[PDB]
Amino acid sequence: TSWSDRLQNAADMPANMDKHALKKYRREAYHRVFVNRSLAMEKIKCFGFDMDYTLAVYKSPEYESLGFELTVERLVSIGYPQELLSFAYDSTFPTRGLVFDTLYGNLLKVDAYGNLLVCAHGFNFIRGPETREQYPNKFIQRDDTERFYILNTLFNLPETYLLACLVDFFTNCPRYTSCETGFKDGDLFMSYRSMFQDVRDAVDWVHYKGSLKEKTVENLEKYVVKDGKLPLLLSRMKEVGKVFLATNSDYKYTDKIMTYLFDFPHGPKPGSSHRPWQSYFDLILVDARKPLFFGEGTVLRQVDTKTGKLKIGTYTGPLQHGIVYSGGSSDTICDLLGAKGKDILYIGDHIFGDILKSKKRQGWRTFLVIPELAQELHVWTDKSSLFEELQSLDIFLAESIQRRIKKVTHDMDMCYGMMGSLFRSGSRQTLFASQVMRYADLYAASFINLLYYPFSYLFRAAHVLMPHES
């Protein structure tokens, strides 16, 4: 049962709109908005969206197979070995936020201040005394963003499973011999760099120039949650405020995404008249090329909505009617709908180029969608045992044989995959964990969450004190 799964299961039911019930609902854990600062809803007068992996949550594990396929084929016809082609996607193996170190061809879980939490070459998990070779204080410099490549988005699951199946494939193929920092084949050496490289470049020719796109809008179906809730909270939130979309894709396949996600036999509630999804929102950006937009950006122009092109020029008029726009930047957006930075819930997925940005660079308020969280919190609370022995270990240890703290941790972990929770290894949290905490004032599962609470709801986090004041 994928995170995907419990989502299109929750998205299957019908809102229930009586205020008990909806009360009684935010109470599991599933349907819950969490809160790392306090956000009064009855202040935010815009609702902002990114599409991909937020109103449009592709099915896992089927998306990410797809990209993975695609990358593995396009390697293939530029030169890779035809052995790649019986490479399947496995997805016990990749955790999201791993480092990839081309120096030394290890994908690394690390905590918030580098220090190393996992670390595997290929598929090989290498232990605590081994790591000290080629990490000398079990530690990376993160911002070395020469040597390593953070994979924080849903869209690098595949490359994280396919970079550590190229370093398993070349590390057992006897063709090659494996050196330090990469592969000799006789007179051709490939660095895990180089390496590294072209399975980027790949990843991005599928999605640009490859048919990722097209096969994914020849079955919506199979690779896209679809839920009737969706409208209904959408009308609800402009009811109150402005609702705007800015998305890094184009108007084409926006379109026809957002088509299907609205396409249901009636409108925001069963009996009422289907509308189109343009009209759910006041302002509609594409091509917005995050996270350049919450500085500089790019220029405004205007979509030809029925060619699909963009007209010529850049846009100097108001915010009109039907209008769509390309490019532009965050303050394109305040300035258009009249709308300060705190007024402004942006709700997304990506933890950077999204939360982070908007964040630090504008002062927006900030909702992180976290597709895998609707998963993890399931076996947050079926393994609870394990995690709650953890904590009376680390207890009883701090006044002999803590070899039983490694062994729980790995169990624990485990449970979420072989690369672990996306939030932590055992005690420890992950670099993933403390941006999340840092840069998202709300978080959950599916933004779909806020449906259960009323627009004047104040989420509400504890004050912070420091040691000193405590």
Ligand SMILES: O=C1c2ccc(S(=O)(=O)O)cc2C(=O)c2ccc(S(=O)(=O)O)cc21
The other form holds:
Number of protein chains: 4
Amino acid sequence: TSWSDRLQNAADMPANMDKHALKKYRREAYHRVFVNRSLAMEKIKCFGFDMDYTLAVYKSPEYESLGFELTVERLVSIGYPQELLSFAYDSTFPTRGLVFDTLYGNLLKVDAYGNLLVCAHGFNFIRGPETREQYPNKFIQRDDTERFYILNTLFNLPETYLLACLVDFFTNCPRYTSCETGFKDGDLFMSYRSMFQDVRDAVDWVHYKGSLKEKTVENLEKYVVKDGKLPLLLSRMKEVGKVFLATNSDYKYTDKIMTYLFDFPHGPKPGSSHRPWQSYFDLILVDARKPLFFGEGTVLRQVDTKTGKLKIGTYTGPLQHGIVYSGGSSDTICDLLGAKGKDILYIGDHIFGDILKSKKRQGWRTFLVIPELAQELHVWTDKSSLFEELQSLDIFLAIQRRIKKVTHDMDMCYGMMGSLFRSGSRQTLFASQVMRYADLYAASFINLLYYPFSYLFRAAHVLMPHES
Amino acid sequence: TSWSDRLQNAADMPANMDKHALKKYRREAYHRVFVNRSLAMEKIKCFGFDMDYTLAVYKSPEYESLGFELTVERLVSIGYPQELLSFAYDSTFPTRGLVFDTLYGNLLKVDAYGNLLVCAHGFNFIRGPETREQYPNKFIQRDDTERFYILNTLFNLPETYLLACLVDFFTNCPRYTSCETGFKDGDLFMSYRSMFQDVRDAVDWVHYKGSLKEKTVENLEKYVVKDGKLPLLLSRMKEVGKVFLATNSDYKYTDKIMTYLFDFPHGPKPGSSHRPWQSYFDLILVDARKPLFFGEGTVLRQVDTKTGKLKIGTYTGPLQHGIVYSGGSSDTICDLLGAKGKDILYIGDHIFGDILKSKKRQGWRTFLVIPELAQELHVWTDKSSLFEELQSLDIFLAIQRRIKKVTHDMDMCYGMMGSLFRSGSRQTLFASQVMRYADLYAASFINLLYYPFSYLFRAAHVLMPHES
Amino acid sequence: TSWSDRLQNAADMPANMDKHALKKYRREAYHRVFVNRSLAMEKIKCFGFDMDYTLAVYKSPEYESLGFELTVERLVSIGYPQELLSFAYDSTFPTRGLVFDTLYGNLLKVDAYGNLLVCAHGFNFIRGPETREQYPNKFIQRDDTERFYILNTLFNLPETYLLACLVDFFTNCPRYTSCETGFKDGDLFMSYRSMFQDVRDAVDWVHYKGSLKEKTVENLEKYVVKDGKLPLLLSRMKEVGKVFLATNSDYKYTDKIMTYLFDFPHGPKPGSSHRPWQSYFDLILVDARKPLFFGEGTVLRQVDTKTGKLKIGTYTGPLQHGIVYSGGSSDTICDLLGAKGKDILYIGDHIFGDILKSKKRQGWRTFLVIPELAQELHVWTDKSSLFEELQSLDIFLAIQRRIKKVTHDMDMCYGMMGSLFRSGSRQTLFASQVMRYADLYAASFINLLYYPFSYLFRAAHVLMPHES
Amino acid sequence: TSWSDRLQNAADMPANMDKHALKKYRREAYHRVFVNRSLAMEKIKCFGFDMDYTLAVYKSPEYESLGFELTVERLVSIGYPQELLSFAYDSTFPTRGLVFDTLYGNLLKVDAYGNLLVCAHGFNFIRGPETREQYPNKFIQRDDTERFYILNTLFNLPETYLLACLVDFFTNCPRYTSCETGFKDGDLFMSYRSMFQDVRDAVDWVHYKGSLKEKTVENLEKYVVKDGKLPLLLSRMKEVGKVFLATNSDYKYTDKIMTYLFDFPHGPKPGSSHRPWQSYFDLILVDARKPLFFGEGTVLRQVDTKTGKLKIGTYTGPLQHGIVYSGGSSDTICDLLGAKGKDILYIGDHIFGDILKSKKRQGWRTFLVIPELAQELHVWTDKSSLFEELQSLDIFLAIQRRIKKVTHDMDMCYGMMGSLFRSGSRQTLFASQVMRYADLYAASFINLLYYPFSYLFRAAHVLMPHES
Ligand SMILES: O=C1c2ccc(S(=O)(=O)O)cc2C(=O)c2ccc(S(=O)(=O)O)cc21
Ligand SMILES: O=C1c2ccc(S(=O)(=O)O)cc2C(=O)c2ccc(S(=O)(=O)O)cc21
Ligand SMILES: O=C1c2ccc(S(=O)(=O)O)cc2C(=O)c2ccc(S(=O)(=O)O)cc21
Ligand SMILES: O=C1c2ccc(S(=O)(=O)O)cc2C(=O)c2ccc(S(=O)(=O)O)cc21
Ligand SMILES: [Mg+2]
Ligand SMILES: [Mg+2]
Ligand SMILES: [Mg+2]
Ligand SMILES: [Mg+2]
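Mind sharing the form deposited with the named molecule bound? What's above is the form solved without the named molecule.
Shown next: the complete complex, the earlier chain at its head.
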């Protein structure tokens, strides 16, 4: 009973649209929208969406195994050793947002300042003192993107596990010899860095040229959460403003997935005519290339919706009923929807390209979807007085072992790599970017349905130490 | 009665080093050290210092007029119109940390997300609606450093006022014609951008080639706060660890200033032999070139202390009693003092080059000195129930004019450009970087003297919305 | 009767290895090696080869049609209009080395200084005065590689013709409207630049992912010149030094092509055992990535010759009998063959990546293969007294129309875009790079067979004006 | 009897403007204009000039000692050892155009392909075999500008000698220890690279901030060649076209120098009113910043000619009688003089910034002034049958020691570093750029006076090997 089970449970009940019962629904935390900076929904004019892991939520672990298997295969297919084929995806290992150190082949879970919180090498969890040999100040320069990778998104889950599998594998294959920075095999030396590259290449490959999409769209129920309430909310959004899709995915794939998400024997609400997915949007934009989308963008194109091929040249015309865009930029959406940024709420799951960049570069309002938040919330309250015990032991410091021990037992409930948002008392870089960049966040955007359209989402004013 | 008056008042009383009276001293807020992230002083091994506006605090407005006058002069000297000479520095105008928009020649005071809080053009304070013509989403892309300048440090005070003077001047000189982006004068067009460049050039000029230093060191009492307690604290620091100076200033100037700061008829405490300033440091480094200092650095050199000229070539020897370094990097200091970063507390006033970069790039502990914090703290409590009234009006929103009105009356107490750390209920980008990068901060580092050496500076653990 | 006909004619006669008959063979110009800077063959220790259009010479126009057809198809396949399919490759149009101006969609044939010699738009040959509207100083900045493309190699022949086809097509399709910089079609605007990109993408596509290789290797006799003398020369080279292959092509393709080039019922000379192509080389290197190969290179890999896949990691071992390399750099070849540069003769057809860069970056000796030189040499002597007449009319200038007229009649004999090496009296950029970078050059490297191994290739010493 | 003696000899005779006597004057080689590519003077519309070492030719060795002395002094002044003061400039050492290798501290004289022709370390002339330890292929990558410097211009003469002085000095001072790449002195290591930087800094310093200009303009007759014929030629140029000055020098200095060049008790010809230097130009542009001038340029400014200070802002007006420009670009000159490039003849002495870049980037016609060409031409004919003997010994190679010997005796006549344009039979990189970029060249532009205005300067058409 993972987190996509929770979402497909929530998904399976029709909304009681009675006002009283909505207020009580969104009392339970799995259904709350959480506020980081106040936001007056009255003033949002356009709602805009990402697709993958936002509107279309890939069932777990099923989808991650598929990615993993396909990547394992690709790699064996280009000459990595047969033993990889015997690997099998373990959803209890990877937590999202870890940084992969390509110098020493460690997975690292870090705070906002790049302080080490957990360091794993293969599957050996390197303890405090022993990490000082490689990180003498228990810290990593987060900005050194040549060395540190950071696996931010749920697509990175398979690779997160895979990297740990490969490191452990070679550490323990007597054919290879460990070195500080990689493995020797006679006359061939494979550094963790180039190893890591190979994994990245292979994951891209299964996405853009291999069989992930193809295997996905032929078993949508296996891999993709479907929720009656989705058409309802979008329809409700379009009643008070403008609704738009801007997604990195291409049109053809976007079409297969969205069709499915709307495939119900009715429209927004039981008993109404089914209308096609496109009718739910005032502007549809694909091949977005976020985060570049939030800067110079790319040349604006028109999609020929029959073929699914792009028309030839640069689209210079206006927003017409039926048109579909490819590329362009976030200004395209602004000009065309006659919106300036704080007018818009952009809803997506990518902490960097969907959230951080639209806020920083454009002044857009932000809603971050976090799937795991479903499971993480069961664990947070199931185990609440374990945490409250940790809060107590820190406060009594006015014995250190019992801290590090309790912390461990806590993190363990979450997975081998702990909560998404913290390691014991200390918050992760990911938690830290949620609070800082995501104005609102939830386990799923569908949680918006439970708030009235005029709702005022309200966060407490921050005070500086010297102001208290 | 400004803020350097407060510091020279505090400076003028000898420390009562009785333990009880120290605890009570640092109760009053002007003397508190404020904590943003917990820090156990027991574990700091090296204390390191900036000089300008840290150890040597330039008396205000005297020092700022001097800078301003010298810059005004330089500019008239390269052909700017005589009328500039009649300008005169106004300490009630500029607040530090404003961003100068070189496209439209506005001073802008912004929050962490680059939202407009105050916008001034020349001296005309552009109100809400009218700012939308130029900033249609009431926001600026903070990362667009080609366009936006940001005047971060107390050295920037003179230029902050100067830029407003120049814009207002030309707006109203009938010889020139206003344009969106600058001024026409017959066949010459001077954009705000190139205007701004000229000001920057001229300020650098008076610092590196003009008479600022020379006029300063010949009237140190006029321009530089001197405090008996300084030698005392450094001496106390050296008793429990290592003490180091790493400053952007060159040696000669560093020597004149530091000599003065130690010029008392005694040592660390009344009745003891006066020892020279260098004896207070285990490592002295000049020509630091921060923030580059916190990256690749520059080639490490040795200062010939007789001449004050650099020796020829790259210093490869060890830390020797008496040696003075030039350039190098922050690793130089780490290797040589046998320190890893969290061991160190670096104390300085530059929010970017001293604080943000040492934390981000090196994992160094940080103490930010903020002079204005002295005055800003009188105003914060003198006017406390005005603010508490603002907190009330926001909360009653569950009438808008009364918000914007009260906000105004509040900010006005601070200056024309308001508090350093906020504009009414909303925090500035500067406030936001203090909390995020500066582990400790105070009106002056001397506030450290009032805490025991084993003190545990303690900040409350952050919780995410969904965790509460 | 083109130029690959000439080579397959020369190819089809066995070498008379009698010394007297060799001296007389290489008297006729099609068989000469031409010298630009003296070179003592006695001192060359390693001969090194490119493959495509060097050792393996693609029959013309057959190969070019194939490329063209495949590219035309690709483009229609991504949405370019059906009419392209009716195009058909015209070998009498393109001359190699033209520059494509992506601003205005012209093919330009230029001298070393980028002076215009011929300018064609679609198929309209823009005359003198009319070119001044777009090139007011009859010149182009050759270094402006963002704007100017330059189609240098015989692979570029199909695209050279294709670009002219497309420009002419749209100029004259009433569905589109000409503009200075591209074509409007309702709301879509396709600039020549982006048009040009599409063509480039499509040519790469048929090479790396489409069916060019696949269609080629299944009809080698159709597409690839085979010459008994090739194994003979290589064998003769290996008798006096070291022989190496360093090619951009991957191993699999390199294997199919080279096998074929050596597919004869005998070895180097009629009656001897056939030996496999690899035995002819002391070092075999593929995936060369020239010209980067002549700088930092890429990571050195080993080819697993059974699979044709790369082994995993970086090859650190020595040169072993049987080994095949991938990537690396030109230093790899130097270290491993124990050669410094002037020791080596590198033989290839790419004026930039094979010749200019190895000379400039490494001090390697150079032999440039130029296929067209076969046909161009028939034309040069067939029409010799036309040229000698042009030389006369220039000299009598001490009437202008007769110059421009004779020039035309001359260039026409070569093709629509004239000789490779000149336009009337004036030399091309290509000619100019041959003389400057290619130490020796010939219609084919096989011309080396006709010179003794100790031969001294001898060019006249240059004198400066003031020295004569 | 150097080369500036020759020019001041030529300078001192008034021109016999009789047509017959002009034709005979320009028969003698010191007075010839040499042609690299034909040029019809009938078609030049604007003549444009550099100043330093073009119109104003600094007397040698006097000027070079001054530069050298001033640089030596600067360096001792920043801490280089006293012994430098005892150095003294030796005009028989440096030849222009040498490359300084900052890795190993060698002066290198190279051909166009960067082949070594002479290599000196300090003053030790490293012979053939011994150079192979450091340059194993007797070659340098010319494009590696991080390592190789190249001292191109007559201003570089002092530094050329200075670098050799310093290297020799430290090689032989027992206080220092030689290393491959620099010198150790206890704990200080000074690499040749950083040494070289120091020299460069110091030369810039004496030019922009030290006393070179100031000492120069107070003894113009000592340092600057003055020639009656100069006003005559410019006046003659202005009669048939447009005349312009575009110089890197600032206005004030440009004014002192040009005033002097025109300081005669008459105008263009004895007996006419003296007119001021500015009247000789249709466009005057200073602070040119060549070669950037030949690209994006800089912002166009107007000079206030009373003060010599720049007016404030960007000049947008038209070409007005009396106006003086600062910065801008080469398009400024083109637009304003209504010229496209081949219309213009630009006359200057900088092989890169004056000649190579205007030709390559703009299609401008070029005249290169080469002062040394005066002396080099005495030596070329004084010693003609020594060279003709070298030509003979090369040809008889169909004994090697006698080549290298004769070469030596030849080069020696020129200086320690040989002719500017060759080392024995082999041409320098400098010679090679003259022929390739400089359409015309002469010992001085005054040689133009001896050609009629309609003259056709005529170079022989180049033929490729295979065309002969
Ligand atoms: O450059 C980044 C990037 C840089 C730094 C971080 S972070 O330190 O975790 O905030 C995070 C990121 C990213 O998450 C990311 C995602 C996608 C791209 S893309 O290739 O331009 O599309 C670039 C990036
Ligand atoms: O590049 C910056 C800089 C960039 C961005 C900001 S900030 O947005 O206010 O944090 C702030 C800054 C700075 O405060 C600053 C201070 C000194 C230099 S220097 O010329 O490299 O020494 C660069 C900088
Ligand atoms: O950058 C160039 C290039 C630049 C300039 C010229 S040229 O002006 O004709 O000499 C010619 C060229 C080339 O011919 C060429 C061929 C292949 C590459 S690659 O993409 O790096 O492999 C780059 C280049
Ligand atoms: O970048 C160069 C440069 C590069 C290469 C050569 S060359 O190899 O001798 O042709 C020569 C040169 C130069 O002669 C030169 C002169 C002045 C400048 S400046 O600092 O931009 O003004 C740059 C340069
Ligand atoms: Mg997403
Ligand atoms: Mg400071
Ligand atoms: Mg080739
Ligand atoms: Mg010059």
